[PDB]
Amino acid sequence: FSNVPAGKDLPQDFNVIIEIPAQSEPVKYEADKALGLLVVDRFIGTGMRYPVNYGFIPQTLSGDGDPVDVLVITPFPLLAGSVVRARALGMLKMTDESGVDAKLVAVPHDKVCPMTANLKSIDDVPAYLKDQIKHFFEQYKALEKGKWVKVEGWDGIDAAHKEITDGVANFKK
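Just the structure of this chain, alone, in the form deposited without N-(pyridin-3-ylmethyl)aniline, please.
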């Protein structure tokens, strides 16, 4: 996660470290140090599973103190902790109760995943998947307090690439 380059040919050709695999259970665990065990923290959202793989681009800083943030679309889930060579489709833009959030949207390299090769951009994503992606985030916080999420929409590849370019630059200081 630390020694993983951002990409072989940036910003078109980037690496993503998987965090949460598609279809993952909506449950947050939390290592107790003082204990050496995983503790069940809480149950996330209204009970909907993660609809895509979620991860990050290593060696990036997105002005969120966080790394650049990626939703990776694949026909089968990817292992948490794995690294996938990827390419951008675009981005999901959201507003929060505490600001703005863009998630990058990606598919793997065509040689890795030949089945996603027909997905040239975000407009190529079936409407059902896109609708499951946005709905996930709209229900994610659900319930909690004075928390919420509004999906503002989708941006394109060029915006994706800018997020990536800037992320790689920030991270260098």
Given for the second form:
Protein chains: 6
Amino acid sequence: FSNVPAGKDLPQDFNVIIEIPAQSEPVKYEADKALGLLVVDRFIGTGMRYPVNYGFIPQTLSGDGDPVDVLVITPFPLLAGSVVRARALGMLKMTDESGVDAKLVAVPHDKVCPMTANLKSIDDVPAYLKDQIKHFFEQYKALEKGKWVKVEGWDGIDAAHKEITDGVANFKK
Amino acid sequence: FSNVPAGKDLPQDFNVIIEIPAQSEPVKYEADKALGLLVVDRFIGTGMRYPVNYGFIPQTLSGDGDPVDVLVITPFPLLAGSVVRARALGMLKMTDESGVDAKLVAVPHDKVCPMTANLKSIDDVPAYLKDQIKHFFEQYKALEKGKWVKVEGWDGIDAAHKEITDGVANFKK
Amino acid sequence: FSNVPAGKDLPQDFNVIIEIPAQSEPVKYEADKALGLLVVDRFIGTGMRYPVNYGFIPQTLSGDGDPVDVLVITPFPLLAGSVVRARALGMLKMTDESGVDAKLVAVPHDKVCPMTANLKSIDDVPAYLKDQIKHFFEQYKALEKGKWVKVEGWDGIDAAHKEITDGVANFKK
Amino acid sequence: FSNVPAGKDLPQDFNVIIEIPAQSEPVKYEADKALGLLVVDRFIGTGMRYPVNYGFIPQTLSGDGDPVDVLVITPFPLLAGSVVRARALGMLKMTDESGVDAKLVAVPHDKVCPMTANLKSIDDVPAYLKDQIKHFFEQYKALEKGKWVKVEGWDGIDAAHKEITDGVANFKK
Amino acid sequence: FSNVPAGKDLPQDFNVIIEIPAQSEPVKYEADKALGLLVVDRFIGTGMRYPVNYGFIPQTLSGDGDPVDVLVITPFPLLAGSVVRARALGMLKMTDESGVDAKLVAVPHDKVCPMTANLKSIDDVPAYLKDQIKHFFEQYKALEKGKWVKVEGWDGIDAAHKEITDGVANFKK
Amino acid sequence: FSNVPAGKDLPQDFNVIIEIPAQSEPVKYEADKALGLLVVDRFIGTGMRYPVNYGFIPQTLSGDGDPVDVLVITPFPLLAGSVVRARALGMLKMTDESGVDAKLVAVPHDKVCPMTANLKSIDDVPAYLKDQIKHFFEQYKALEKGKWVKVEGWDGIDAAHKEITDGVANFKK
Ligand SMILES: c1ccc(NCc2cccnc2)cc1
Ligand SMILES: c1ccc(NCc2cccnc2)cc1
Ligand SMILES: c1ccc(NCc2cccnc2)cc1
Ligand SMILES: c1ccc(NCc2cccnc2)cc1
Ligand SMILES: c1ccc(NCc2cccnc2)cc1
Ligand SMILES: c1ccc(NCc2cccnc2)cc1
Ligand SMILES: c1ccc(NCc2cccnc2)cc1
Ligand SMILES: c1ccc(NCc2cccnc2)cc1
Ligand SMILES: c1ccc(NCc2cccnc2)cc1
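Return the form solved in complex with N-(pyridin-3-ylmethyl)aniline of this protein as a structure block, the form deposited without N-(pyridin-3-ylmethyl)aniline having already been given.
Whole complex next, starting from this chain.
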């Protein structure tokens, strides 16, 4: 993982390593860059499943000390541990008991997934799905004692790119 | 459906027709007794899945006008539309925007499922699972506008049997 | 099957009994109304899978002697043998070695599937999917000796409703 | 179930109602002809799965009091509760604690499944699979206390047809 | 694989790399530490599936020349090739045609899987499952000519830890 | 990937790294040898699935600049990213808009998969399957604008081995 480039053309053309496929059984994996393996992190107490694929941009460091994380919408779930070339639609702003958290929302490169080319920004994402994603983050850790998540709202591509820009910078010191 | 007996020996030995398997994709089916078919009722807005199998006791009529409904815990999900001989462990008491709702909690007959014979009452059901079920009912209809569910708590086998007793009585007028 | 109503309000509000779920393994089932069971019709030589759910309107008789058939787009595949309340978006016009064939394109009632409410007519169906459906019909029977299918194009809701109207009429003699 | 014909042309052209798909999770279902539903019979103690589809010929009565049962080899598992038009390859002779048991081995009609047309008799069935089936019957009930199964060997199409012939006769009194 | 630590705190807190998920299709994989890939070892003649997840402790060498192997009980199967932080419940003692074989029985760290925290020792593992595991090992290689497995019985956490202790020692020469 | 040997005994005994399992959802992955990861290449416009497992021989370079690719027939799909020891049955000759393309057809080593040992050459592969594979290649890229594939026919083990021989040579310069 630690040698996969952050992107062909940052911040708009970036790579995402998938950790949790959309609709997978409710087990959270986290990539160990140090090992090149997915690690079983948690069996989700609520047993709720990610509504979209979940992963990270390698060679990034967000303020929380982990890589920039990303939700990638696709017509079929992606393989855990695989890498996909992606583009941003925006971000979901949240705060939990430890501080700010933001998850980017992305889709594959148009050449990879023509099915998603019509999605130009976060607002093109179907209402039911944005609502579903918001609900997921608000509730999935409900049975993890000591934890809480509050969703603040959505932001656009600019904000997503800033997040990418900074994470790439921080990672290099 | 309308000719399947409520039970071999009511209220302790009863039958459950399965409508929604544990962990099935988030689509709610409802049996049409008049037709002998499962009907697509709703695509669940939250996309949350039933943590246990869900069905009903045929030839019962609860106060809400539908048959007595039941959660049936099994080691592998049951086939939608199949029937299972069951025994009660208790009930989950709830109220929603339309009034009282109670869902029985059951397991298969010991001869059918030896794996569940150790469960004698609701208290033997693992904490994580009862918590998971409570959370599911509190949140699954969160994105159905106009709807709400509040979970009151659990009750034992006596209460479950009363519910069966009355539903069987009401159904016969 | 033979007692399930064609629809609550024909031709715009109709019922579809599902025979083949979207993306199911490549085995064609056909409902036997006389028996109330799905019959294994054919293992598809090309092994191609239906890109959308496939079924029929009960109590209809199309000119080809079978019920009016329908493709039903949903976010998760529907259960074979289940029934869904649907509305039409249009039709796919085709001809095969035996004559005209038309398949309606439908989605569930808005109350059943909010995810599809945005689809008002055939033109709202994503390009990639219409193309995918056209390709499927043109090729799926490619390895059935003696058979061929040619796709003529799409038509709108009016045409779909006429097809429903006539099939309902014919079925009653 | 009780109205599905035993066959279009007995004993060589017969119908099989599927109860347990090949490779399904290890739950035994049994069709209730009286109800027209599949009943959960047993969660298999060994958790072993049927290596081929398992069902019965309707309107037959074998000496053991149940319908003639049949293993149906197909390239993809069949839907539980569906019906398939079949032809026999032979039988597996067995005895258990209750007496003789014989399971026919069948494949779909050549027009249904071209993939199986090459199988003319039991000897054309791959060695590994016959061995696998024999092992399954010898071991699957190993953890059902009081039960045992001994496999005697295989027999051909004649024997299979006799079994069909008699079961059809007995069923009619 | 060869750089994943044996454990955070040996022998009680160790790591397991998963090779075969619970209930996966009957194909045996073996991790190639030299390559960092899972290798297709065998299609199991009996077609029996592992009842629990199966893997190994990296950087261990058992007396048989392979790493210490482990069965890891979880509520949903784990991803092949993933790593899980685990704790031992005991061991299953066996002998096959090549000599002693022992498989540890483990569960994830309590923080990873709260669902398993109630299991303190091998005796807390449900009877049906221990029986199922014993049966699996006794029979799964039944159709591998030249091979046999005899199960001797179970042992506790002490024995499991000794096995870990020695394998870690041997691996380092 | 780049360190996995081409084979134990080239050209007849070789290794195949699997990229796309038989019957997987229609997403094309390509191994990045430089990274040791599978990359999402394309969501297949036709949504057609590989009828057999698809992968490549590592440390080979075909004339088209990519490694020698191989279809591997197995009784259950193989894990993406896994490696299997294989033997050739022949090849499928094709041309597309960019030039010659040939895909080898292989099965696992007899010791790995006894189920396939009966297949000695391409002609032993069932007709329906060869036809299915030919159809797949002729049609799967039908909705990739600018692309086309024409299937020329099949060739035997000699031709397959030549392809292996040359790819191994080219890779080493
Ligand atoms: C949540 C996550 C993924 C999907 N996938 C459906 C989809 C995506 C893109 C284009 N066409 C169809 C749906 C909901
Ligand atoms: C929710 C619903 C069903 C299960 N099934 C697991 C189970 C049930 C009974 C006995 N042994 C294992 C688990 C959670
Ligand atoms: C719901 C009901 C019972 C259980 N039983 C716990 C359990 C542990 C290990 C194996 N199998 C089962 C779990 C969920
Ligand atoms: C073909 C058939 C069904 C789908 N389902 C995806 C879908 C449908 C409706 C609304 N949102 C997402 C996609 C392609
Ligand atoms: C068929 C019909 C509608 C769609 N809707 C596109 C879509 C994008 C993202 C999430 N969900 C759905 C896709 C296929
Ligand atoms: C056991 C049961 C079914 C199968 N199906 C594979 C198969 C069957 C017929 C023709 N071609 C391939 C294999 C083993
Ligand atoms: C049961 C019956 C027939 C077969 N047929 C063998 C086979 C080889 C390659 C592809 N498809 C089928 C296998 C199992
Ligand atoms: C065999 C292997 C795993 C399971 N998983 C069920 C389970 C495990 C732990 C806690 N709750 C439920 C069951 C049997
Ligand atoms: C296409 C690809 C794989 C299969 N697998 C079935 C099979 C293979 C070998 C031996 N026995 C049965 C069938 C068609």
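Only residues modelled in both forms are compared. Positions refer to the first chain, counted from 1. Whichever C-alpha set is largest while still superposing within 1.5 Å between the two forms counts as the rigid core.
Asker: After a core superposition, would you say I122 shifts its C-alpha by at least 2 Å between the two forms?
Answerer: Not so; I122 is displaced by less than 2 Å.
Asker: Core superposed first: is there a CA shift of 2 Å or greater at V112 between the two forms?
Answerer: It does not reach a 2 Å shift.
Asker: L61: CA shift of at least 2 Å between the two forms after core fit?
Answerer: Superposed on the core, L61 moves its C-alpha less than 2 Å between the two forms.
Asker: I need the CA movement of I44 between the two forms once the rigid core is aligned, reported in Å.
Answerer: Core-aligned C-alpha shift comes out at 1.5 Å.
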